[PDB]
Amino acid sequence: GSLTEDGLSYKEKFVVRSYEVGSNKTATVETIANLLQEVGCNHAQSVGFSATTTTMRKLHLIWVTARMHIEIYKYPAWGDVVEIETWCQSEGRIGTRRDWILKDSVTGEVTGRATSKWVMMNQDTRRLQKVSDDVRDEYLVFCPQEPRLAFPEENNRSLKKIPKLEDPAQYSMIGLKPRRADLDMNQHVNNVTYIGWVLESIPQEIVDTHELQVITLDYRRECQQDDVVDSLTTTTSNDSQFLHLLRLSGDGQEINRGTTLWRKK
């Protein structure tokens, strides 16, 4: 991959692998989510980061995902080349945003798009805080000055408030535990694992007749290596829509809430 001519975004190409495809012979949404994270990491590395800045490392401050929103129009097939362009943008003191555009390499068409909201937090105490001026100035040189949105629409799905699922759930998947392949280099559960855990409670019939179009996910609390999760789903709706809740098996403490939209094959 490489930064574009103006140096304000990063582009990378990926060949879809055989173990990356699902039941439809096309890349899974988890595989796409991993590729979005991989291009994000290569963008951060290409501009000097390791995505903490000099001032963030001094204050023990990290960037944490608060929300992820993915919309796929066409999942790429095994052997296909997919091009992803990513860029960052400051949202004042609330935090930062990373947006992605997915394209089919041959036709040049937009086959998917994604947006994510990130917040600042102390690494040790887990306390969220507003972005300071010294931090904001350090990364503003790597972001486009005028707004560049992946979801520009006046009433886009990426900014909608997600409600809390009321018991009893229509569908559930109980006792989900992360293995070591679900952890990153710093031993934290990968943010992509929670997408998999959310989709564990979608019934087999929906998987058979429908294809996933949109997934919006709110991150409330992280799941530890020795924690156990319960994935809940209720139908809220041709198109099918769902409400999602991930919580700890014991106390019922919320770790994630979300929505999915499925279209008939």
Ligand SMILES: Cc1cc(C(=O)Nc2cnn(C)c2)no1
Contents of the next structure:
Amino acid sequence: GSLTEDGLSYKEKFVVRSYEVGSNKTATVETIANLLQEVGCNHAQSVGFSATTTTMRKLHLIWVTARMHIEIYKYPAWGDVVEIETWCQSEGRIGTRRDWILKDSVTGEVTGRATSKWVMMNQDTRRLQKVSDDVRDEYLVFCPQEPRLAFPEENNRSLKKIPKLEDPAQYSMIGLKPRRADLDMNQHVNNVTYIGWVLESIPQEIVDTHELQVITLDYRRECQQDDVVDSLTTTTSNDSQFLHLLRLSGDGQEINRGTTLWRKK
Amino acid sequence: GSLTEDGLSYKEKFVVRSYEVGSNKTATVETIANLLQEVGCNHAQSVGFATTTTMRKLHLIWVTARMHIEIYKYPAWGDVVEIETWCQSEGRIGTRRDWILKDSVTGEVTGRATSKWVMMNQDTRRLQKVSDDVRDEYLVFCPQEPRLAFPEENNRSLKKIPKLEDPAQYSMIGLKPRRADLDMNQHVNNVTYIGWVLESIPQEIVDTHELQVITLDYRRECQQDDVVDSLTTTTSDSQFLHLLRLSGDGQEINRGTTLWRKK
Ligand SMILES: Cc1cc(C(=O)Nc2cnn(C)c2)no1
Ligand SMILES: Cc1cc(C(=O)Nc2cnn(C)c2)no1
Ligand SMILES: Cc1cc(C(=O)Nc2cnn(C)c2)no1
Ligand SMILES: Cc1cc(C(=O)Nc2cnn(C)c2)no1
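Switching from the form solved without this ligand: structure of the form solved in complex with this ligand?
In what comes next, the whole complex appears, and the chain from above leads the way.
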């Protein structure tokens, strides 16, 4: 991978692995999400982060995901090369945004796009806060100054408000627990595991006859490594749409909410 | 990746990913096992496969009986690891796939692995010995003189593993596979079982020790709607005896041993 000519974005090529594909011999949405995080991490590393800035480390501040939105037109096949381009942008004092564009390396055609919203949080108290001027200035030298959006459209799906699923759910998958492979180097649950957990309550017949086109996921609280999660799904809809809810198995505390759009094969 | 000059082995380089590493910022044993499977699949693809022409005609498949991995150094995040793999026929008992892991910068061996595979009818699930026709089709891609990742006589890779006796010292109960744990054929990936075994090791051992050797026997498959219990007992460096069994009837799916060195 490498930063582009202007140094305001980063590109990386990936060869789709045997264990990374599902029943159709194409990459799963979880493989796609892992590749997005890997290119994001390589971009941060290339511009001097380790994505905490100097001011963030001084004040015990970290970036946490608030929302992930992914739209896939074509999933790459096993052995195919996918090229991903990524960049960041400051959204004033609200937080930051990281965008991605996925392309077929052979045809050069856009096969997917993604966007994510990040908020500042104190690592110890877990208290959200606005972005300060000092942090904003350190981030701006690595971001394009004119807006560059993966989802530019007027009333686009990436910014839609998601409602809370009402009990009883149509479908559910109960007692989901993370294992060591689900944790990151800091022993926190990887953001991609939550996408997997959401998808667990989709019936196997929908997965067998449809392809996932769009997923929007809101992140409210973290799942600890000793927590247990219940995944709830209700059909809201040629296309199938679902409303999702992840909550702790015990007290029913919300950890995530989301929506998925599926197209018949 | 590519087949070597003689065409009897295959090499591939991998850059260790951010999500592939644990608390020490080095690859997990599960990342290592996934890379072993990936280079194995790329080798089979390069030589025309891992079912052969005779196997497809008779509804036959290769199934793992045993996996043995020894790691001297786990590669760090961003490091490049080179893996070399090759296959060998073991008469009519089955086949063996071996691996050598190296640091791409130093050229030093950082790990080695070996696996035993048995023939099975994919419909009846009945094991069988390798026939002459299949043996002949495999031999043109394997070295004819023995080449072993673990050549030493009476070594760890061939040791008989006993069955853990109840009560276990430690346990992790109610483990279930999710869709990410399945392969393209909707079967549980062999690497998931390694993860499940390791789940019953206490976090303090993981935090203060590095895993040096893991030997795992595969007895029966876990279906996607099955639930597993992972059991561990200290037998000792720290050594453990492991057992994976179904949560309901207690049917054995795996047994194994792990050896850990203090950091
Ligand atoms: C899915 C998905 C994407 C990311 C992501 O961008 N992660 C990131 C960006 N910069 N750094 C240092 C890490 N995490 O989960
Ligand atoms: C607001 C708000 C809180 C959280 C939160 O703690 N959850 C979480 C899960 N993974 N990451 C990186 C953060 N996210 O948004
Ligand atoms: C761990 C581990 C290694 C393998 C392995 O070699 N898999 C293999 C070999 N040939 N093909 C086509 C697949 N499976 O799990
Ligand atoms: C003898 C014998 C049977 C099995 C078996 O069915 N288990 C299993 C799990 N994953 N694979 C590929 C096979 N293993 O050894």
